[PDB]
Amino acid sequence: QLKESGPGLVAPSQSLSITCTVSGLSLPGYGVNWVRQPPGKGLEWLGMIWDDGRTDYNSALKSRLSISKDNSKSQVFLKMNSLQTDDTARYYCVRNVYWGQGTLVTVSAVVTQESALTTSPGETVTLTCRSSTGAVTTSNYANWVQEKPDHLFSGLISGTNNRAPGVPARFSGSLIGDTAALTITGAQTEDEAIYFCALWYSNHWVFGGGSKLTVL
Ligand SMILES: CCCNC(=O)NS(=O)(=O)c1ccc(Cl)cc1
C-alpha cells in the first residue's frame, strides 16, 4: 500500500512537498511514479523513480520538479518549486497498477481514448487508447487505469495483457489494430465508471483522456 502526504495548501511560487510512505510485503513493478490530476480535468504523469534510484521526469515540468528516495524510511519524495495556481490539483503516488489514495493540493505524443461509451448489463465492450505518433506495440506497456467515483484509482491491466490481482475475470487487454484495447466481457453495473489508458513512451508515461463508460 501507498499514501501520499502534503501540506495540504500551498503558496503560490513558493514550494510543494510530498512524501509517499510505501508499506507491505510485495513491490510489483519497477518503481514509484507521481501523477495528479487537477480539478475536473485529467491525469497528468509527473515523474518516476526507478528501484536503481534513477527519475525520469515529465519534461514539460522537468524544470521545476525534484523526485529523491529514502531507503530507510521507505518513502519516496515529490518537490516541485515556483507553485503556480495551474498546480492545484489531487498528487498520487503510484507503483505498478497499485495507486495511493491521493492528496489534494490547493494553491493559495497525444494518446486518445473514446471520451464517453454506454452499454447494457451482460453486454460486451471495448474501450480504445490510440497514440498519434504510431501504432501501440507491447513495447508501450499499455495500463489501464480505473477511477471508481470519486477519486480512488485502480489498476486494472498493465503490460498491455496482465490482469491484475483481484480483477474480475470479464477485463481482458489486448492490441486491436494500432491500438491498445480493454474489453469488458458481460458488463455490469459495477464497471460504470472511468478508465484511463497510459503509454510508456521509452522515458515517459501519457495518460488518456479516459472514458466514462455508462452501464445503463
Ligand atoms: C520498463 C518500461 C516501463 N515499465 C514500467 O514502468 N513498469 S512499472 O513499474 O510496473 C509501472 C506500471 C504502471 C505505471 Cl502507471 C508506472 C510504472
Given for the second form:
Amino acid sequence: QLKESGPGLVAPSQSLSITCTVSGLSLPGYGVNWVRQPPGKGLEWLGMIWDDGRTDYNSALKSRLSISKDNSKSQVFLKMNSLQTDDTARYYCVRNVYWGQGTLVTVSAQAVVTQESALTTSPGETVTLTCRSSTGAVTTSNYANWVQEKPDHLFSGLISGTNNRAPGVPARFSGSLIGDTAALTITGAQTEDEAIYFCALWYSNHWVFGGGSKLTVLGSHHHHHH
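Compare with the form deposited with Chlorpropamide bound: the form deposited without Chlorpropamide:
Here you get just the chain by itself.
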C-alpha cells in the first residue's frame, strides 16, 4: 500500500528527495510518517505530515527536513538537506500500521523508550513484551504503537493506539496498558512469530521508538496423532 522511490545515491552536502506513493484502503486522519534506520543502528523518527497538511518534525533534525504532499498524485514527499555519511540509511514511509518496503540511501562522493532486549518462549505458550517511558507511566495519550520486523527489512504494524489491532494481523496479538507500561501480549506464540518487535510512543508532537525486543520461539515439530 506504500512504496518509496529514492535516488539510491546522494552526494555529500546535497539534498535527498524521496517520494512515497500511497495506494489502497485508507481511513482519514492518520497522516504519513517518515522513519529511517542506518545499518546496524536503531530506528529514528524523522517527521510526519497530517492529512490536513500540518507537519511535525524530530526537533534535532527539523532544520534539515521538509515534508510535503500532493493529493492529486496520492503522494507524500520527504526532503532532507546537506547529507553526510551518518545519513546513509534505509528510509521508510509509514501510515498507521502500514510500512513501505523502504529505500536504501547511500551517501557517496529527548524522551527515552525502553524495551526488553530479548525474550524467549516456546510454541503455544504466551509471552508479554513491555514498553516503558522515561517520563513516567505510559498513558493512552502515548498511543503505543507496535511493529514487527522480519528478515529482509519487512516491517508490519501490529497494534496502534495502545490496543487497536491492525487489519489482517492474527488475533493472538493484543495491546494493553499493564501497570506503568504498554504491553504487547502474544497469546499462543507460534514459530513464525520469531522476530524483532519495536514499540513507539507519542509525546504531543513526535514519535520515539524503543530499541526493539528480539523474540525467540524455541520449539520443534512433533508427530500429530489423530
